[PDB]
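Below is one structure, written out as structure tokens; the observations come after it.
Missing here is one protein chain; the remaining ones are kept as they sit in the complex.
The first chain written gets the first letter, and so on, giving A, B and C; residue counts start at 1 in each chain.
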Amino acid sequence: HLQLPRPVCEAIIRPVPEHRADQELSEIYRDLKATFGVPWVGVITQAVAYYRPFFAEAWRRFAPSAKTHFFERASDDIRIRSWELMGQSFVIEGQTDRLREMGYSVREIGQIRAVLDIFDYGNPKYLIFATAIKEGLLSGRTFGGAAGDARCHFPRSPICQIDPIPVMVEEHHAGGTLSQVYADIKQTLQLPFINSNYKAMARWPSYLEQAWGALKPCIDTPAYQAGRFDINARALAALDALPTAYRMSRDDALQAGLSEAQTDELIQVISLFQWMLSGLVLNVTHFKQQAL
Amino acid sequence: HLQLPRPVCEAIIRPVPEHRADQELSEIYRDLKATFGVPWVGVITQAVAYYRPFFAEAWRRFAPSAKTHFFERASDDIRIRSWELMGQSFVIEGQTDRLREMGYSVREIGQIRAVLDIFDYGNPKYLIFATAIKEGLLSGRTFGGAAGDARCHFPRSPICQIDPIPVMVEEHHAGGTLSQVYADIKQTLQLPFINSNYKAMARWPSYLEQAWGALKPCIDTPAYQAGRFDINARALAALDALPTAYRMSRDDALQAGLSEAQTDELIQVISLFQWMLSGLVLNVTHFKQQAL
Amino acid sequence: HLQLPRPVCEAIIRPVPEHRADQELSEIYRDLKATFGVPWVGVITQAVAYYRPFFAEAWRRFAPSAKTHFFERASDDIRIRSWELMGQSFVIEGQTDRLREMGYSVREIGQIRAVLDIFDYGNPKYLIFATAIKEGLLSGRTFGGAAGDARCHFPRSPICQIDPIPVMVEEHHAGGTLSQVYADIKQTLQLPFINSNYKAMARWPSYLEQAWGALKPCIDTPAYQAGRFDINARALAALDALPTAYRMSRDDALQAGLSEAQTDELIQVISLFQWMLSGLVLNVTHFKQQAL
Partner (left out) sequence: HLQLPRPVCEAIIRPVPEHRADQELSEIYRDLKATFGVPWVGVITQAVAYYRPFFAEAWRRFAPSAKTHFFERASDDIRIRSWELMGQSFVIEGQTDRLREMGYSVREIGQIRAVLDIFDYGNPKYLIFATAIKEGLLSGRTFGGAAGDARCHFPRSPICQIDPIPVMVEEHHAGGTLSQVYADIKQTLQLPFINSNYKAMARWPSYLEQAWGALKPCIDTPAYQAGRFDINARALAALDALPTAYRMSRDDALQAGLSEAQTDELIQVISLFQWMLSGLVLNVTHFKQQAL
């Protein structure tokens, strides 16, 4: 029974979306995107940003790591691993023919694949970031900083995609049946928010119903839970070998400008996100293999 | 009391969307967009593109006029007239603050308006093109060609937006309720298809429901039908004063490579579109006034 | 013999370029651009931006008029006039074959024409705004605000291009022969700066060389000076017909935060730029006819 505990939490999640961010926050958002090389600010980071003084500081200490060849490779290796697991554990029926007969052209299918690629690339990076924040607060420990192989400190593979923000059908954008599909995803993944990935997929509603329909039965199966732990374990491994040292303890959260009551709540918010993210990575992988 | 008769169309409408155009047709589509200065190909042009030898020739004869200062003013002046007519004939509520209550941020509402602007600007150009194609086929007459005021033949005000294609939720992207909204629109406006602007509005499903709900009771009221007649009449006036002579008769269709059967079918397709376009212009004006 | 006298100016101009504008200034810059519907901030407004609280206030007072149908038309009508004058007065030979033989492709020439259209469209708007700044300071008068045709107050032709900033070879970017062409232009036009449109033409050095060389002999011919006078006069006539009253006096400048010595300086700077802009409008027109 390889594990992964869904956390003790329903402390309020107050994510600040990019279309509401003031220009101080937007500046940190821009730098995050620019550093990760992704066109979206993840919901994990939106929710941590509510604790803005901790967020700016947490990010300041993690950024030097995130700019490294190490971090690109360790993120990439989680993408590879997710691909490996989901192929071996599940028989994933291709969906292209069904989509074509639903009216979807080859170009449109191409656009759908391109959107999936953004999250297949990005999410591991948010997973590793989520893990440093959680483990740093909970444990007090200083992670990484070894000189080791000097190539691990080199600049990461350079070229991004930062504009535009992907088209996402926010919860308040949603129509009748779309709200039903979001509620389903919410209950099935046991979450109080809808991830960016499904929101971007929901630009093509019928495609999302079909894609989510295929994935849903696989959720929380024994192979699923086991892959989730493997992915969770590798994220913890990347954190243990950050090329630039990273510390951000409860006491660091105080000095950043947070109360102890605020730090506590943050801990429960990040635990939810960190747990969730390993699952989200397997989900996008499945979607991406559907679209083979 | 006046009004525009819906034509008797039983013919089959086969739009070729931009995401299915082959490379030959896509060239024509790009020339059309660049000429008009709009980021999208109209459903009118997509359906006429099915009759491709005719579409390519009719466009070659019409494009010289479309490039003129006259055609920009003539189009602009139909947008102004629609604004005027909908302002006088209709009490129209500002909906911006009801969208705020629904969750819509200031940036999001700005994006919505930007989208309305594209069609408010472009639709008259298509109405005039459609009118030319229809009257040319029915009358066999040569329209325009007067030297007149030399300034009418100058290049049009040159800035434009031609990429990206507006984000449109197509009928096969539609989930449950969005099909219901699309059905409601087709039935209420007497159309076998959904125009581009509604599809673009559909990226925000909840906004569309709201904006369509507020327009719907105005449809085919006396004042609507009177304004619609007036809009139509100006399209016909614009056709009469094209700077470059336009002729495209049933015979010209034959020599372009169409049969007489296909030409007859084309005459009803464009009649349906041309009628429709006067209504669409008022519809977008209403939306745009709602977003005030 | 109509000649537009060049104002005395030995004040120092200090443009704040877009790539150096801080957050605050950049926000004003973006509102400017979105209102004019241009992808670039003019040097005129860059220079005036140095006197920041004046720039901020003057723009707030001018923007309500710039958003209107009237302003779109009055700007556009100066373009038409420039086109008219330059065609009437000069035999302007095409340069397209010369460019083709120089190795320029049809796509490249397309690109060059697009760049020219940007400034053909936008400079009249900057010309009118310069005139309003200059005359409001000099005269203390309140301009416009009359009742008039209600359609003048309608929103302007909506579609815009706000991004990206055109590629411009700044003066610290330039090489040797580009520094010389830049210097010949500064000499001939009697200016201490290179205008945006010359810097954008400059992305193709060998093209600017040719285009500039052909325009140069026309500068300060009698027909050119006469046409420029006419162009200036129409900017003056627009100022009086502004739909929303504009007042920004010597005393408003003081109440905004400026010193007497600053306000004097601003007056010399805005008058050098106001004079310059009628010339620029003609120059772009000549380039654009060259490239037909």
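Everything that follows uses one rule, which is that a residue touches a chain if its C-beta (ideal position, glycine included) is under 8 Å from a C-beta of that chain, and two chains touch if they have at least 3 such contacts.
**Student:** Can you work out which residue in C:20, C:60 or C:141 touches the chain that's missing from view?
**Tutor:** Answer from the full complex: C:20 touches the omitted chain.
**Student:** Pick out which of A:2, A:146 or A:160 touches the chain that's been left out of the picture.
**Tutor:** Of all options in A:2, A:146 or A:160, contact with the hidden chain holds for A:160.
**Student:** Just one of C:70, C:71, C:154 or C:204 touches the chain that is missing; which is it?
**Tutor:** C:204
**Student:** Just name the one of A:117, A:171, A:220 or A:264 that touches the chain not displayed here.
**Tutor:** Of these options, the touching residue for the absent chain is A:117.
**Student:** For the chain not shown, which residue from C:2, C:102, C:150 or C:183 touches it across the whole complex?
**Tutor:** Only one of C:2, C:102, C:150 or C:183 touches the chain omitted from view, namely C:102.
**Student:** Which residues does subunit C use to touch the chain missing from this display?
**Tutor:** Output for subunit C: 17, 19-20, 102-105, 107-108, 167, 169-178, 181, 203-207, 209.
**Student:** Touching the absent chain: which residues on subunit A qualify?
**Tutor:** Output for subunit A: 37-38, 69, 76, 79-80, 83-84, 114, 117-118, 120-122, 151, 154-155, 157-161.
To be clear about the criterion, only the chains that are shown with their structure count from here on.
**Student:** When the C-alpha atoms of subunit B and subunit C are each averaged to a single point, how far apart are the two points in Å?
**Tutor:** Spacing between the chain centres: roughly 34 Å.
**Student:** How far is the middle of subunit A from the middle of subunit C, if each middle is the mean of its Cα atoms, in Å?
**Tutor:** 47
**Student:** On subunit C, where are the residues touching two or more other chains?
**Tutor:** Residue numbers touching two or more other chains: none in subunit C.
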